[PDB]
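The primary structure of each chain is shown beneath.
Protein chains: 2
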Amino acid sequence: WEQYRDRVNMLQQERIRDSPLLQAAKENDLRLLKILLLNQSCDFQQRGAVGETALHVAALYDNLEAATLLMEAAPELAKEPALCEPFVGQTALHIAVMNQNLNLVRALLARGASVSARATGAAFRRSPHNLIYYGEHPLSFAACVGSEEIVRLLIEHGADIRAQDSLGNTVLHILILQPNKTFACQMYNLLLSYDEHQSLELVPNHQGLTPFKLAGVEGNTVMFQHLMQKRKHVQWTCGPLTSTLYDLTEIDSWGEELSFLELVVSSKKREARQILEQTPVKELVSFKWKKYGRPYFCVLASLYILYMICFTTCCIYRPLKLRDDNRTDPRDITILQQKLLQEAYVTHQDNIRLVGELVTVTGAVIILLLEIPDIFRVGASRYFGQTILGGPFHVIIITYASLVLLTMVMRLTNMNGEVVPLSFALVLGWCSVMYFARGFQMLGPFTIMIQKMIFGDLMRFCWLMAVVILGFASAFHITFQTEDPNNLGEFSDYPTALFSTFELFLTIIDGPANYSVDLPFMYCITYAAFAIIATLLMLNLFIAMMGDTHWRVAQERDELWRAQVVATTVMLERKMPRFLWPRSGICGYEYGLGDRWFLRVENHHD
Amino acid sequence: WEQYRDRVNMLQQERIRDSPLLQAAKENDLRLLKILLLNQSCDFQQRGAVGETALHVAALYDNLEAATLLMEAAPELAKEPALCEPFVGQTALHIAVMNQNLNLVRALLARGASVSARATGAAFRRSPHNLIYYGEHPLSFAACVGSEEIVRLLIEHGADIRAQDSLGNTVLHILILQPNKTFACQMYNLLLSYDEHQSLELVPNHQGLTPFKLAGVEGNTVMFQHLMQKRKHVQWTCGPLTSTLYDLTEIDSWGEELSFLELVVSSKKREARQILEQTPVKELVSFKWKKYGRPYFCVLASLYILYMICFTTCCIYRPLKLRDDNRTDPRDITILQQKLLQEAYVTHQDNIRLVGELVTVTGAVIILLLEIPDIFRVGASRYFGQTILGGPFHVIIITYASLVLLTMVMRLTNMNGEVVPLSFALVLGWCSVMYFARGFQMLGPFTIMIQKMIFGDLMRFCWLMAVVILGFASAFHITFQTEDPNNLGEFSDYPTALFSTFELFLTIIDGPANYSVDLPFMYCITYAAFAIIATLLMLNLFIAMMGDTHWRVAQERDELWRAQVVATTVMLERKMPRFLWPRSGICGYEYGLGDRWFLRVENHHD
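Chains B and A, in that order, give the protein sequences.
Note that the first sequence covers residues 29 to 225, 230 to 638 in the deposited numbering.
Note that the second sequence covers residues 29 to 225, 230 to 638 in the deposited numbering.
If you are wondering where the hints come from, they were derived from the structure by calculation, not from laboratory data.
Don't be surprised by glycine CBs; every beta carbon is placed ideally from N, CA and C.
Some hints here could point you the wrong way.
[As the list claims (entries may be wrong)] Some chain B residues judged to face chain A by a derived CB distance under 10 Å, without partners named: (1) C347; (2) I348; (3) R355; (4) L458; (5) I482; (6) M578.
Kindly generate the complete structure, drawing on both the sequences and the hints.
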């Protein structure tokens, strides 16, 4: 791993030391270099640790004067990479580019060094083990570092721009994957000035990504809005206002399957949501939402509520049966029992329950007939993790459907215990209405920070509560096991004492007391310590920790709410049949423009 | 709508393209223009999409050199607006003003273009569909944009300043309705220098608004205090202090009905409250309040409290009657009943109740005899929405009066159920005392932010509570319907279980337990989840959301409290007879000034 990378770099620094020819290279001891060049029997194709030549050493330590004499030593040395593992294709041209010495690059080009040298090393790959990704070809090394004349010399001496590598990246691909510099935009415009016609913009990678969609999914918006200015068009300027229009053929990608906008919203980096505030893209989603999205979304929520109330009233009128067995037992309350199947359907009230049950059991299966093909499309963790896409809301409803399917099988076998799996689905179905709270302005931003705060702090409080409840519960169970439970019904055995301490921790039950009789001695001294450590420190610090997290993450939840309505917007028009979805934008075919779609916008300024 | 405005602007840009004469106009292809002007059979009164001429195109695209030759083409083209819908009166003078080209305006005036061209288009109106309102006449277009020599040329060649339009606005009206510029004040002083005598300041609009009241209701206080400096008068300066006085005839408007101050406080924009902190207006309302308003307001509140306690003690001694019917029913408590009318008045204690009831029923009608004429004066939403004017306080008291009138009709018919409408009026009458809490310093600012916070967050919490209570209440009702309600009186049927879960959500009732008998199994596991999701997450996040809203809106509620005492001040002296309201200010008729009223103020500075 990293340690293996350490050991080889330690190993190289003694191969550079033992050879005096190689040592005088890095030390610029050109007198001894003249002495060894006066010698003939000295080998010149010597190697260090990793396939080395002296030219790599001279390029690393920037002693060009020795590198001059190394050409008349052997001119063939400039046409050779290394041979060992991490630097398997690296030539001295790459080091000369990365050290910015125009004269030495000119001298290497004078010896006819191969411009198209392909260097695919271990360090030359996008990796968290690595720190720097500069592409693969020396054009990429020239463009990333910000030189301008060296790439002119390369284009002068070949250097085909349409050059692919591992992962199928281009020069314009790797220019996007950089920290922000003005030099990146300048070199982008410079290379676009040289290459002209197909176009370079159409080629994807091995992942199938155009550079426009690459810049979209990464989110260098400075490059993005500069790139779109080649496609804008002003209309007319008069007074302080200005009419203009944009092309949206590249933005929509209607005929394709992988749309641009869905690819943007299905990202992993945090900065990808920031690109949505650009002006030609914000107006499209706003015009789409405020015309079609809100009415199409407000309607079916009422249908879902109408489904849930019918499910609830089906769950109410459950067939019961009087208990035939005599109970005859203290600490026992059994008065009813479950009716069998063959007695369950006689009345007209029974006949109502058939169509009550049938609507629920047919609403169960359409949940699985809606998103199970969406499971195999995107990744599994790429379907559950995204809070923007509504992560846990999709996983709770499929469990609701699984439970309501399981109880129908349970009814057919006359299996007892019907109530127990039914109650989980009953409590989760009304929690499932929370998904529809997104499309409301006053309610939407509120219901996501609670989801944040559960996985932020509820476990933190929960582990600490569970470790502190146990010894107190054990102590209260020990200190009453010589007593009558008829007078103190709490703390009778261990498991109900555990629940009693849990209820008393949350200040729900009152403190137990029987003033007619006597109490044990140390109960009074062990209870007050639990009281002052539980009610005064735990919940109050929980409130105090909640208050700061609400205050500091108040800004991100504001922008994050409008960041997820567009996911619902692109989701709804993806699954509904598009005769209810006419095309947004202007069809310019009625004006002789031809097969392109546009959006008009004006802007007052100054 | 907006899309209709899109389609016409798209349509115009092909009519400009198809005509080569019109295309060479916008492209300044003056060689082909010389070719077509050498032609005679080519039409010169050609039209584009919307009543167009080539001069509009030349003025839009600022190619004056073609517009020179267009005059010798046809000089009559400079005297023609368009004919279609949105630009129905627009002439090239307006575009020439809005593009600021003095030579082209001079050339159009050389052809005798009509200065008083009236352009009333669709876009030329105050509308949220529009973005820019620049008045109607070319004087307004000159004044809004900030030119100075062009309006001198217009006044040189006519351009009557007293010019009305749609909505009856003047130049000084539309200068107020602008974003803040020093140029607005400069052009205001410039036009005031030209026009001098009646005066221009006296004319209203069709709404009946002087420009002074317009600037008051809008609140460009930079223009306001600059405008009042023409009416101030310094008295004497000696040392670091300075005596002066102001005229208040325009501010008071005593003889009129629509007063300036009430028109200011009955606004809709948020910035209109800011004008109250100006120095000649703050001293007037402070001198008025601290002398007359507070004593006149503190007195009748005690009378209202004395009314309410008499109403309460009338509600206590209600005529009862022993129940004649034998109850004989478990789960039933009926021991008293209602006395009839003919038995209700025999005693002297009954005789006290007549004059107890009569004061209440005559205090009922004077509420309707106080503000029902104020309903038809201002708008209905303009009477209920303003929290400054006390919105819901007026609507609760009229319901109180309606209920106390309805119960008197109910008593005359011996109708049962008298207590039920009585209790609503009983609980609302003591809530109605909250209106009088405005005039106290330590109490006033506190009682308005609660009104803010109800409609801010109580509904947000209420929807979320109502959606989460239902499934838990249904689950607790299902899990006990095989049991004895004699041992657990909660959760017997559905509707009392719904209320029991509501009380247990607010931690009012303790958790139910009967240690002598056994519990169902899954009750213990379903209760703790509701406990940790209800008592630990809902109310605590409600507190945390309350704490930030109290902190961030703490500043606006401070200034807003003194913003509403002046509404009470102008309200009280509007309805009381003015022999208890002598005139504020100084009557300068005793000093030979003559029929004007003044206020003295001094100012220490430096």
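(message) Given a cut of 10 Å on the nearest C-beta pair, is the interface hint for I482 of chain B held or broken against chain A?
(response) holds (6 Å)
(request) Tell me if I348 of chain B is really an interface residue toward chain A, meaning its C-beta lies closer than 10 Å to one of theirs. (result) holds (7 Å)
(request) Against chain A, run the beta carbon of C347 of chain B and see if the smallest gap drops under 10 Å. (result) Since the shortest Cβ distance to chain A is 7 Å, the answer is holds.
(message) Min Cβ distance, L458 of chain B to chain A: is it shorter than 10 Å?
(response) holds (5 Å)
(message) Does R355 of chain B hold up as a contact with chain A if the rule is Cβ-Cβ below 10 Å?
(response) Interface hint status for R355 of chain B: holds (8 Å vs cutoff 10 Å).
(message) Let's test the interface hint: is any C-beta of chain A closer than 10 Å to that of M578 of chain B?
(response) holds (5 Å)
The earlier numbered hints are all upheld by this structure, with none contradicted.
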